[PDB]
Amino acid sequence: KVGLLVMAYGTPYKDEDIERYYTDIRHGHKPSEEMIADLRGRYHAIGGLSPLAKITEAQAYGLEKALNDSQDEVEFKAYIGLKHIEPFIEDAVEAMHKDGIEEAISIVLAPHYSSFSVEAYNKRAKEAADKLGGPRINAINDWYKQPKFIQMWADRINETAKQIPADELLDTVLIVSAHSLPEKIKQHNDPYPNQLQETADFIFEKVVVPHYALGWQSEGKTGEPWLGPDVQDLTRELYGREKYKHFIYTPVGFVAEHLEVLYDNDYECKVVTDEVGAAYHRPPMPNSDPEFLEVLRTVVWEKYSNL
């Protein structure tokens, strides 16, 4: 049996979890009352709580099922390890150890690598395994280059574009985004920004949308520059420069419908298109669609074959 360590950010299970969840996100530094209320307000705006918890489970166990049905070389056992709420990464690794799992494959539910994201996932998983003495953790760093992943997104964009009048397709633009990070990672050649540009390039060559731009979103409450431009600011510039009639947002850095999509895209971005008078489009996120499980199954299996 090979452990499948599936890792993701995590989301509060109950409204009462928001406080400790934000504290964990802030590296154990309690947010102010005013920050807590702002974040609580955003959750209420998207309906109360994020569906990320159930989607993540569906992805993790959909992947496990997908792998075990497609071959009989090994039995995969999925453990869920969350970054900022239980079950934590270290909990999942502990669960594998007590279960006797000797070798595991880990994957992050975000297709691009960065020092701030996947690297932190792998560091904590590998350090937990070290302390316990097992299991051996073979980390997958990124998988945006998976052809089925690029094609999944192209199909979703093409499905939306084919409902845009032909005489307005030329005024349609594809906005490809991911979670922003401190700009300083670009000073040491972090692959994150360039992996995102590669993703947008690969998708653009497979869609009927004639225009596209790369943006970032959800930058944090800090004092340093973050990767820009922000998807809101980019929408304004693009409309002012080209008067686009349709904006299609694909935050390909994310794999599920959660706060950073339901609010930062479906509210904040729609507010900008509403303002300039253009139409807002946001294709469904991967979630646990069969096509996406197939993407993850292909990635994990290729990683196992290379082991």
Contents of the next structure:
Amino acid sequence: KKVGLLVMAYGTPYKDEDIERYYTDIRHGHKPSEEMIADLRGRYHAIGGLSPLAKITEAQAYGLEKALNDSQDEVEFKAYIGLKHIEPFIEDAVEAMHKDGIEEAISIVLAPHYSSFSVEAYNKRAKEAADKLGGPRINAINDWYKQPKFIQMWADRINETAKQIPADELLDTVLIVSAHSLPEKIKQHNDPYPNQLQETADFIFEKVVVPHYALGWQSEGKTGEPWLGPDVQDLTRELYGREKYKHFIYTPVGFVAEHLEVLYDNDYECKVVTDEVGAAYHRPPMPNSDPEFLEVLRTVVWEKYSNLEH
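With the form deposited with coproporphyrin III (HT9) bound done, generate the form solved without coproporphyrin III (HT9) in the same format.
We keep it simple here and write out only the one chain, dropping partners and molecules.
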């Protein structure tokens, strides 16, 4: 039988007309105000609109499927995309697998780090759907930031971007390593997410020419509670105040695609700050569906299959 490959991600609106229902789902059924929707529409317009965004997630899932099936002849994987906040939902993907007669699946989230707040939610939804249908059995991957090829992918991109920088200003350059912020309360649960981001930054930093680095958070939601900090905008201001860096290199390694959180929260909002302090802004290409990144994911999934079967 084919092995199911459940590739999960947050979801992005396909059409402009989807923005309201998308953000209503994100906000637990609380429809965004007219002013909030207008703000969000303006942010999507700033980054060139919606059409490029969903294509990346598709290219990652199906590129991963092809990378797996061309690299070995023990099994055939079939990819099913399951999204948190728009169709096809996680539950749709699991239903599809069961209807197709898939008995065994491996799941992976398109984010390198584990949190009890975020990744566990995907896993719980997938498992509960499967339990209701009677299958498939789902063997979940929880994180994959420790993969050497993942770290090397980011180090290589940073080192290439660093060639943009005059030799004598490299000592005035800082690497800002970031991920999506989460509610600060995850720390009361001993959530490993903050430590996993620190480890990722450490592993990358020892492989790059940039001599200074800092960890930050971004893209925090608006709920009634504090979120992990510092936010990259505030951290940029603070680091300039203390050290007067001339170059900021932003690697939002918690993200895998050029979606709104990178094209707006970094390329607009962080560049506003670097502009305001007279420093230069740099941000390497995101992984998207680059063959090097597809090979990272292939390595992750095949290592999981191998551990289960070999």
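Numbering follows the first chain given and starts at 1. We call the rigid core the largest set of C-alpha positions that still match within 1.5 Å between the two forms.
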| item | value |
| --- | --- |
| Residue from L63, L52, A278, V252 whose Cα, after superposing the rigid core, lies 2 Å or more away between the two forms | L52 |
